[PDB]
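Yeah, one chain of the complex is gone here, protein chain that is, but the others are all in their spots.
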Amino acid sequence: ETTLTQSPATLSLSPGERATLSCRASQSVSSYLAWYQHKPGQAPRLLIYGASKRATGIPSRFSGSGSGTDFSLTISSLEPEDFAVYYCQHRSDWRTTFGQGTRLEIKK
Amino acid sequence: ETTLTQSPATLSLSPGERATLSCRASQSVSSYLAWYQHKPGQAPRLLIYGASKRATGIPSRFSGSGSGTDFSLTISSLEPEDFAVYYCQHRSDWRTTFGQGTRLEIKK
Amino acid sequence: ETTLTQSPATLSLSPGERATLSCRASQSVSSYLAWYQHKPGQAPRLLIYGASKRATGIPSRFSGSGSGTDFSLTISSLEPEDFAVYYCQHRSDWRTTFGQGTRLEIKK
Amino acid sequence: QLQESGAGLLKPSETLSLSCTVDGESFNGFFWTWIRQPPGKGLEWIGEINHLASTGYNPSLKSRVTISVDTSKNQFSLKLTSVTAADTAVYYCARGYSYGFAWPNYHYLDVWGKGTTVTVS
Amino acid sequence: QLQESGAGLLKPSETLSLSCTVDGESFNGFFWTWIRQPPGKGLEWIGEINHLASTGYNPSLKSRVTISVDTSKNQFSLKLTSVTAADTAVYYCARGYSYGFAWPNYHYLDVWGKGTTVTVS
Amino acid sequence: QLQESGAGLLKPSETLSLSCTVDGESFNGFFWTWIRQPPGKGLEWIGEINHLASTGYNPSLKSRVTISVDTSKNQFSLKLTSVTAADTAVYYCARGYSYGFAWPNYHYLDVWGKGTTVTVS
Amino acid sequence: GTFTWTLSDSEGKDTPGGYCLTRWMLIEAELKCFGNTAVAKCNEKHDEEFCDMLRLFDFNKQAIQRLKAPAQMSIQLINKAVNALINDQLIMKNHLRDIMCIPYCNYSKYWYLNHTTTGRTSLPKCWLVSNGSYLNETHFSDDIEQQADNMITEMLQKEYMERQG
Amino acid sequence: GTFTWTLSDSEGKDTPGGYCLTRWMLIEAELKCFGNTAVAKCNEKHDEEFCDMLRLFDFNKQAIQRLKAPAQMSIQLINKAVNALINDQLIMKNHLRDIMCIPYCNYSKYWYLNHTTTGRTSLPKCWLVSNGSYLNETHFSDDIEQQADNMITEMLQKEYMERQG
Amino acid sequence: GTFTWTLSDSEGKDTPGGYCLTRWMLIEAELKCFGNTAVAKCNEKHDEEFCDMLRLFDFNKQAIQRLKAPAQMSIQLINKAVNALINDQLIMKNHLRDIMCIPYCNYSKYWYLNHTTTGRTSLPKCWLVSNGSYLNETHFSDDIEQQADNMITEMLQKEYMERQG
Amino acid sequence: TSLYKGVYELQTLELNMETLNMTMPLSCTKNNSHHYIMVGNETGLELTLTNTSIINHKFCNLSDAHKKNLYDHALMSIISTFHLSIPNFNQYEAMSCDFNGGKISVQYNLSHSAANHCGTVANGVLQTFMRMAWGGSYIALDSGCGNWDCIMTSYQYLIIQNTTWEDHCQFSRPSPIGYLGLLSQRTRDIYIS
Amino acid sequence: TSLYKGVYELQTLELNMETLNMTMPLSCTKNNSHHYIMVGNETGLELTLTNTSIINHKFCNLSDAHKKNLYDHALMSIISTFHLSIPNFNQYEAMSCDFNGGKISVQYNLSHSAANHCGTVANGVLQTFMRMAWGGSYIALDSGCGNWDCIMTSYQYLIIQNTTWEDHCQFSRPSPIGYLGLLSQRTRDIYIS
Partner (left out) sequence: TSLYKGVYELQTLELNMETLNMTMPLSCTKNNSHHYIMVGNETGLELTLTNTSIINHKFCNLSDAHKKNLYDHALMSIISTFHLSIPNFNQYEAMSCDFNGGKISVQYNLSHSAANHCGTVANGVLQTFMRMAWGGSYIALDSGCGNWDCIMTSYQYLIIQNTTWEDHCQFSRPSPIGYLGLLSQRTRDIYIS
């Protein structure tokens, strides 16, 4: 089977700065990773799927790409509303996993 | 399944008179009814089969007809020798029944 | 099933004389009999197979024939070295038997 | 021309065990029928059997009655286990035929035995 | 447009028994997914099920979890026996899809329930 | 050119357990034969085996003897359970061949081992 | 023989001319022989009921005469021979025509033309049936005339080649 | 009818001449009728895609018109009819040509010649394809000329016989 | 190519003329080429052993040359090709002739006629065998003369048409 | 006779398809309730359409039928040819047999339920029947022609049994065609296991 | 047009093989991941090449599928025709089904192990597929032509399901040929039990 690792467990930029969150697979990924945004008290929301698809209601601030074993989530300007927790999602036939989760933080 | 009912449980005419014994089915009869004559101390004898066939040794005094759910045995003149018990017989695939039995009686 | 019988249980001639050992089957033999020579302290050696085949290292002194139920081993001159024990061998599909064994003896 | 005939006995308990020996004409062309007539009652059917030992039975006797055939003696024997007070009847063995062709079809019992009386006293 | 919704309770022992009622749109076109999030942890997958009741499970829960579907009510209920201190998590029910055609393919969970909190105190 | 050779021991009870190691030439082209010769007796056949482990046995030993083959070591071992006073014989392992073609056909045992002596004292 | 029979026999010629149907082969008839031209035509026909039957009859003649089956009919002979004896398209065709309510061949009677002089004959064609009976000539008189025209045409072509040769 | 169709129908003649393909049978076309000579040729051909399709289309016409199936397609009709309607050699042949990378017939478009006067036409031949597309005329212009030569030859033979008769 | 091979290939013409059998195709022989007329005749024959074999040999030539099987013989190719390559009637026919004790074809040697001038040849016909050996010419000298008459007839017909055209 | 073109007499042949009995089975029809297949001048099969049954159970012990070999080989071949030709035979409870002693009796249950919902059992069995007795079968079933897929009769059972040779033909001439028609296309309309 | 010999116009026909739907199945292809078989103007089958699966087990309950008769007969006939045409189908663990309620979904597992060691499962399944969707299948599999015996694709599963009629044809004209091609030669390349 395969696993995912997200190296930047904690990342801190002020709002308005551009930032990325990397994600690595143990094997060439069967399929492509999806990204989820999670808030402290709600439910996960699909942010990006298929590495680069932004779905519908997700703003243009969020984009991404990846292939092989190396994927990345890009937030173009870090709006204050986006400083929460992100997760990688990977599905194999009848099996799926998640990354550890990475968090964004506002500093002053 | 199906059943037979013979309404004229007791019928009485003097010898020489014409008489009939009716027989009714609960469902259109699969096949046709047979009639048997029975004597008090012998064995049943086939009288009529297929509603109207008189077989062989049975005298012309006995005839009959029927269809659907309604059948009848006709004795043209009631010879004294015929005043005994009659039964209806009905056979379905691997199942068969008999009527209750009707009796003829000589009166004076 | 079938069996073999060797009648001449003990046979005695001086060396240099010609002799035979007969062998009889209970049924026409399926296949042909083989003969073995055995020494008191060694191992049996194939002498003749298929009634008449002498194999390889066996000297011309040994021959034989047979058919049906009647077979015979012929030793043309009884060399002193040949005065030991002989056996008949018969094989049927997945079954085989041996005769009783016959012995040659030197007399003076 | 033909006459069917059986055998039996008065049988207080155990099994009824009645036997019917078939006459020599056409054993395999007919349905062998067993019927019963308790005193005060009309005719009841017990069951039927053919030469391939294919059978049918009156459902009320399903747990007690098994009809057998032995063609090597043109003899078929009725069997009714746990015989009781309600089985005190005259038993009959008869030859039946069903003309299941085209239409109208028909069925009857023609050659009858004389009747065997069985009680359970 | 669509909203999935379930039910549950705090459950100290026995079996977790959570239920999810599906909205009225396209029950049979998606993989029904159950996930879990214990406090202090990231997201975990429990298992998935489709409308033919074909399932897959997280091997660590193989001996305790069985996911069922009842299409006649568009309702599938999570089941987790021998519930314990390690299962004190928020449970979510989500609709998933996998585009297994040509290349690149993809998978995601789009419509999410609100989250059911279950503890074992 | 070729020489078959086995191993064994004196064996008062239990099982005979004799082994025969085949030479390197044509293991699969012959019927492996076990024979016996008790003192005072002629030759007896025990049984035979080929490389597909297809066997035949002397009926008198059917309940006690099982012959096995292991082709990965060109070694087949005799087995005789409940060994007794009547089995005190010299055992031999031999290679056999049967020419079952046209007519006449024939059979023989050509390469012989030296003989293993087994007693039950 | 000269008709290169796709049969187990190589010599189907009992007498010069075509294949003959004898007294035991025909119903209420004696011997009827066809010429070799008409029979030879079937050598290359893949849609003809009459010669489908000639193949079965000739097969049977040889099967009985040359090899012997000790008991039963030893049915395996026909089971393995038929694919080479019968043009299955014809059986299926006539079966389909029957299920669809149009005249079809049930392989009983055949109609042929016989010239009043010379004795030239055509190949028999199946007399089609419908609704339990044989059709009257009126219903296929057109087919009979086409066959008559074909016989005339062939005779004229023969005469032409005799004149050329 | 005169083409002796190996079909469930016996009268395939809607109008004098060959079998016609109507507005609903052709794509983006109205009515196209072929003469009887060209259609009759298929009576004896065991290697022709166009008439293999004529048999299925005519079969369908009759199957729909005469017998009625209350529900579903009652697929058994085709399952038992095909061996008599289709020359399987052709399907297997074109399949093999496809697996071996050479032009093959996928039974879509057919090319035929139509004379500028008289209106005589040839049987359509399958327009072969390869690598997802139709071949250009250049690649088979030789086959088109052989067919044109055959039409010319037949017309001359017809005139010859008219002169003789 | 012009013989419209019911094969996986569409171009069976290696050189103008008929299909040629090369050094590796014949036993103890070099190259033997037949004319196109004789080969073309098999286009419409449903009862001929020689061209049944030409179809297998040509099939094999193409199967080897164009597609590649990494290991084994990949036997599925023949299993699905044969119904389109072989006229099964011929195998069954010769098998039946064998079981019934008459001369039959075992597809080994073939006899043909070769004219002393022009080089015109006929299609080879199977040299029949019986009782473990080949038949002597005496037993079929009649068949050889019929074939010779047919070659003569065809040459005369050709000359006739050249005179007319 | 009719003198086509003034020169051709129209003449007929009728083939005596009786002489064929030595090599191939011949079938014919007696009235509408009886159809026969002969396998020579000794024995054959009777096929009847009846409203009674002989066998009142659901077993057909084919394995035992072949462990023992007491049956006529041609007759078994014919039963197989008939059976294996029934399209879409998904319901096996409809078939019962008595292969005991070498005797052959095979029943097919044609009962509905639903008739209008055609194509279940009776249709496939009766279609096979129409080919085996082809040409003499047209009066045995009701609604002849009409459809191809909803073949029905008034009879509830098709029963096939072994019998003796007697002429047995009164409605149709004996013909090899029925059997031969089912000899080919033996494996068609077969559902997976 | 091109005036062959100066007198013959070269003209074309294209057959409207749609009108044939009343009597025989028609197949066609949508892109490369979708292939359809219609059995009239109401229903049909979808055949897809996918990298997901619906059924995650090894059962195909054919016995129950036939004990009950809730399925469309034509659709089952087509599934059988497809299945029985797969050569050398020695591995049965590769096939799974859900015949419950009359619904049909059948999966064939095309996964290797070993690809270079061709001729195991995917080859036979894909070869059968190329005939059923013949003429619209040439872009669905990789390495078209090349060999005949090592047919492979990038997809792990072939899934066949029941659907509704919609035009559904965008890559190839509807054609009866695929189905008809597998109608004949039904029993070939069958291993003993």
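We just call them A, B, C, D, E, F, G, H, I, J and K in the order they show up, numbering each chain from 1.
Please note the rule applied: contacts are C-beta pairs under 8 Å (C-beta built on N, C-alpha and C of every residue); 3 or more make two chains touch, one makes a residue touch a chain.
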item: Selected from I:7, I:53 or I:128 as touching the chain missing from the view; value: I:53
item: Chain not shown: contacting residue from G:36, G:79 or G:89; value: G:79
item: Identified contact with the non-displayed chain, of I:11, I:14 or I:145; value: I:145
item: Touch residues of chain I, complete complex, unshown partner; value: 21, 24-29, 32, 53, 56-57, 59-60, 63-64, 72-75, 77-79, 82-83, 86, 88, 91-92, 95, 98-101, 106-117, 124, 127, 132, 137, 144-145, 148-149, 151-152
item: Chain C residues touching the omitted chain (full complex); value: 31, 93-94
item: Positions on chain F contacted by the hidden chain, ascending; value: 50, 52, 54-56, 98, 100-103, 105
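Here is the rule we go by: only the chains that are shown with their structure count from here on.
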item: Which of B-D and A-K has more C-beta contact pairs; value: B-D
item: Which listed pair, H-K, I-K or H-J, duplicates the contacts of G-J in over half of its pairs; value: H-K
item: Chain D and chain H: spacing of chain centres that average the CA atoms, whole Å; value: 71
item: Rounded Å distance between chain E and chain G, as computed from the means of their C-alpha atoms; value: 76
item: Chain D residues counted as touching two or more neighbouring chains; value: 55-56, 98, 105
item: For chain C, residues that touch 2 or more chains besides their own; value: none
